[PDB]
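Below you'll find only one chain, the form deposited in one PDB entry, shown as structure tokens.
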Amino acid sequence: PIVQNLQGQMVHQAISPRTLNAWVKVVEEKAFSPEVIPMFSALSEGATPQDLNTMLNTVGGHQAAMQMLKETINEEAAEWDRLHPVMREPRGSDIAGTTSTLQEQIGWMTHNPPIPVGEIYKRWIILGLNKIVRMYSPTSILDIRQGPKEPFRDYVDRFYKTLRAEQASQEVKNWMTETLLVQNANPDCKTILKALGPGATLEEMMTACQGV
């Protein structure tokens, strides 16, 4: 993070050991289930690129994913260097915290109009984690279907946990929640859902399918 000292100057605050152990436990145990993007954003709230790189590099397992993340970050950094051609201006490799010192990072993050390289880099990281969370999704939302003896609450849990991993826009996710959840239900249960009419809330749908 960044803090201002008693001397009246901006300075680093090292990312806490408990925060790193929390992040590593999150990544290792939850294996890029979609709640990893919000835990990353929450744990990383003040992070400099030094802190962000510390969070990524301290992950031990999932090195396939951490490579796909690194390859995404490099793709975003290359796109940055295209969109932003040539306190110095940061290259993409500077925002990724690779060719920049921590004092350059704090210099940008506290400039008069700040260049928020920690936020910009945290975007590129979340863009990479999104692709990983999609890749670790057990199936596509069009394939999530209710088993012949599966409770509707458990199918709804599977549906909405898969929908979090979809790269659909919210307009398409809206259509999915409205249409696929009924379309993919178990035919007895599906008959109950259609008997509510198509506009039913999820509370009404799950109320109707209690123990069905």
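Heads up, when I say rigid core I mean the largest set of C-alphas that superpose within 1.5 Å between the two forms. Numbering follows the first chain given and starts at 1. Compared with the form deposited in another entry:
Here the rigid core is superposed between the two forms, and of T191, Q9, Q13, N21 the C-alpha of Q9 is the only one to shift by 2 Å or more.
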Second form
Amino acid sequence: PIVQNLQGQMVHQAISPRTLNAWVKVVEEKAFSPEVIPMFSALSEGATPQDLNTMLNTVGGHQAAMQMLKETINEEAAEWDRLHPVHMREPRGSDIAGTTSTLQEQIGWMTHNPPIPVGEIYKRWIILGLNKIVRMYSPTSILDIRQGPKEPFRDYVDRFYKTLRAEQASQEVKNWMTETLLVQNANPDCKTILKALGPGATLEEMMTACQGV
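Could I see the form deposited in another entry next, after the form deposited in one PDB entry?
For this one, just the chain is written down, with no partner chains and no other molecules.
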């Protein structure tokens, strides 16, 4: 990250062994379940591109996923170099990725006025690649999630929203899915209660009504 030096001006400070051990543990345990993206973004707060690259390099195994990540960052960086023309200099996409700049340039861009926040721009590209990975590691479509005849309605809500969180579809589709699919894919007992409530109920009303049903 960047922090205030002895002179008060901002300077880089190393990503701690505890943060790296935490990230390594996160990816070793949770294997691109969607909470890995919030955990990455929380662990990587204020990170320079060198800190982001350090986190991603410490990932052991998962090398198919990490190649899907690198080809995404290539696609995002090429889009950046298509978007931004050529005239601190303006960073090229390879500079934002930390591939063609020093760390001193990254401190420069991140501390300029107005800032050129290469740490956040690059973290957006990494998170967009981690998204593509998480949706591919998700084994089921939201269309596949149904409640069993003997399954509690809370364990179906938990499976449904845990799957919905990993869907690609736009927020208009996720809204429609929560309203229509949550009613329709419940088992006939619970679905009868949810049809007696109707389309207008909140998730609290639907869960408290189907409690023990």
